[PDB]
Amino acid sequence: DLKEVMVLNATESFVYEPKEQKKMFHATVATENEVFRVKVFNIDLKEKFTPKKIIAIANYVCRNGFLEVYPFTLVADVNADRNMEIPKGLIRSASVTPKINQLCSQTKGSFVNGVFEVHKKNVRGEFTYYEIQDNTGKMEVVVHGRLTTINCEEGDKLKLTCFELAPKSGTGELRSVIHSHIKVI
């Protein structure tokens, strides 16, 4: 089951389940051939997921195109003599923000990552709506719950992690879900 990977980046840690204060973080890792987004539900594993570190992983769970790391998952250290080298081809193709017009072109559901410019902001009750826009188009980001407490003004840019892309009658939409994360630039 063993995958040896290089850690590209990792977010800060945050609460996704409030009642028992369970925390997680997000990470991106790579083999020579593939980039993987990772959901890490054991916070004590933070040091192990440091940028440029080489690690070995087995007994992960696969769900919605993420690898999920739980206590039954083996995460081990790899010796220096592995000399892992990731082709820059793979790593640039890594963190590419999709164009909004293709996002509003999908009917299949997915979970998206990317840096988007904040065009407009509207608050409706327990809901915050961001309109995002690029050279190809625009669409709304629907935020409910915990992520509404992070402040973001017009003109700012947002690094979104694990947003749900949902098709509408007609148009697409992005919505916060339980593992979503926002970073403001």
The other form holds:
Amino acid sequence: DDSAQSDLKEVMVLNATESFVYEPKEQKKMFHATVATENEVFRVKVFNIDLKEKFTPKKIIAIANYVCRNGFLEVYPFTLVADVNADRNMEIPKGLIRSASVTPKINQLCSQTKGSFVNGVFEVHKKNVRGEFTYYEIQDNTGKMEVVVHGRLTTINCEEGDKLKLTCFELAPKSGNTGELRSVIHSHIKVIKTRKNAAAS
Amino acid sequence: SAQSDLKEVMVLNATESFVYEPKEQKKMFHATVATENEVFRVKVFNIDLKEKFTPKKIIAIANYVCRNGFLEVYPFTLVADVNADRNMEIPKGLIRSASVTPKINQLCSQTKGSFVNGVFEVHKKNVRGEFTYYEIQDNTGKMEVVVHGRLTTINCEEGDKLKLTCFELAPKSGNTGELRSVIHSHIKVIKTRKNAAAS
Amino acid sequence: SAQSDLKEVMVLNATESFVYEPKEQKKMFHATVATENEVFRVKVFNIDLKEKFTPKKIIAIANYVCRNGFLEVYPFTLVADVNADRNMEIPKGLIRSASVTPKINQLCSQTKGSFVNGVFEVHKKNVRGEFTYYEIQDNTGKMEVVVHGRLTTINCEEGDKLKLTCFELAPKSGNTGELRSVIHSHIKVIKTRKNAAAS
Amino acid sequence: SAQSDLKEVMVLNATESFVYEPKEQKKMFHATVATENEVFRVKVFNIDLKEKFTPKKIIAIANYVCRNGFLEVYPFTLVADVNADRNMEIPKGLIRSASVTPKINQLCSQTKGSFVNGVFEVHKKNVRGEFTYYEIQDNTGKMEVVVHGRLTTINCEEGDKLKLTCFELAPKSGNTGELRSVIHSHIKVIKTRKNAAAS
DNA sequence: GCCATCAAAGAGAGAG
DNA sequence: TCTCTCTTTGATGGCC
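Please show me the structure of the same protein in the form solved in complex with the DNA, now that we have looked at it in the form deposited without the DNA.
Full assembly next; the chain just shown is listed first.
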């Protein structure tokens, strides 16, 4: 947000979610994407759902008239997204393409004293369903933590022993040197079910 | 001289479940656990307890058997998941000490026969009949591993390393002491640069 | 009727050296090699060649014995390094076709004897005397694997995977074939994590 | 285009002071400092500041010069201790990738020059006149490092590791790029097993 | 000398 | 089948 260059960017698209409704009442539909300049990696909120094709991964597009909010670039119907020519042939550093796809370790997120927004895959250890807020205890080799789900995201199917592919969840300061992750407006969850839990054909 | 009282311990490490007795098919795995004040070696004879012995899991252990400096866990032994509130803090210095490999000139000089665990460099190896002789060494000196039975069929070579478990130290006259594979013995072989299959 | 004329190849994969004959301490390793046209199964009886057998390496092999679909590489065999001049490119579909496990319903319906490199799941292991029978399974059906000798000593339990090299599929009445361990047979057993060692 | 505004940083590492220009006996040291959100290569030309540069210390810097990716600290530059109040948390990920040595596949193939730090093992060393060249290698490839001037007199043999600070990468036509000695170059030689002194 | 974290590769799950 | 992601393996820096 604050001091946001906002200047036009040249970026290849990395990975993207399918279109979905994050706001049930109005049926507001968005999708998430991560793109990168040769220099730096950005997370992307796309509120014009006609841009999915533009965002097909391995595709280089031009982006301008976008909003900077919460460390994200926000793309609207008025936002310019267009195909960049074959002249560039931009080569994006492997180290970054990996870091944008890396999942933050739990003990890091716990020890974290600052708020932020997280993507990553997480193993669900305990699932505690309470009213409109479902808690998923997630685990790794370095420790375990809590994920609170509310809003539309409560309706999904994730069982203890499944994995959550998290996209845009807030980390908030919580006493005890352990932080809690919260389901927010634009949050999206892809569930990875182990083969025993999934349907069979 | 033992305890046998119920203990809340956290599992450090557990081997795989293996057959130490091929005649009857009898199976076991070895584990290591800790309380605040010390570290225990565990021979677990109920291998359905494998899950429970997942490292970084705290459990209660009761009705086990202390034998030869081991706790032995049988199917009549109580092993159960501990109260989630615990959050025990286990001293680090003691983990190393439980995880430390004895020096050879220190072992070969042993007065009283013990059961050893440790990892070592294998220099010479000699096969005679139903026995296999490993000449092992480090900066302090050198000694021998004497393997027999099921283990003789294992693949380990010069420059390979033996990760050894419950091997009986049998002191000999004139610092000739040697390690021998006993009934509950287990080995992981950690190979050198390329000892193994690739791709 | 085997050509035996010198081939220049690239190394795809190779097993570690192992003792396939305990009595003599006879050792060998396996390797899959490739030209641009065809994939070859190598047996290597000189294990000091293991360095020339690094995967990705281009090499020439001459004066090797062709027996049973395999190229047998002995101490007198010619194995040397291939320079940058070659720069040979091997077809993806073929390099891939070499690493594919034949489906189980295929091997049964096969009325011909042959040799197989495959990975499978262990359905039911019934240990009987000095023999071990692993039922295996995939999407397309089920069958048996029959082990004997040194390979019975292996630790593979129901729920593990079997990496097999040089196993003989034999014609068997009932439109299902079996894989009988042979002398040069090799197995890498792949354990699920919950059964695997931990720390 | 570097900040030039005051920096609150913590000292990570530094070198000893050395004479980089023996004619006037000009002296300097290298240091690496880091803030919350990034790392900087520093050049310190008032050697009396070595005290201030203790690792694990927090200092403020301003009125420095940013040249060639380095912060240049002169006698006129402001260097002073940091308030006991600061308490800054520096990410391990940012430090670890400052202290990461480049792979040689990355360096030889660059079109443009920069100033490099790293640890490399020496393979071949051959000497001519005022010039000395070191072929270094890692898993990704191999290349040369050309040292003329004061750094020729260092003791480095084949097999030693070279720790370089501020050597210039000079790309050449067809992946021929190399690391050259400049006026601010520094080296520590990390000697290997049987090379160095004893008792 | 052991363990922390971390980058590159065989192999599994999805799709066209 | 072939592509993509991934669980898995080998390195490398830090503490006793």
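Think of the rigid core as the biggest set of C-alphas that the two forms share within 1.5 Å after superposition. Numbering follows the first chain given and starts at 1.
Fitting the two forms on the rigid core leaves the C-alpha of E12 displaced by under 2 angstroms between the two forms. For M24, the Cα deviation between the two forms after core superposition amounts to 0.4 Å. In the core-superposed comparison between the two forms, the CA atom of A94 travels 2.0 Å. Superposed on the rigid core, the forms differ at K46: its CA is offset by 1.3 Å between the two forms.
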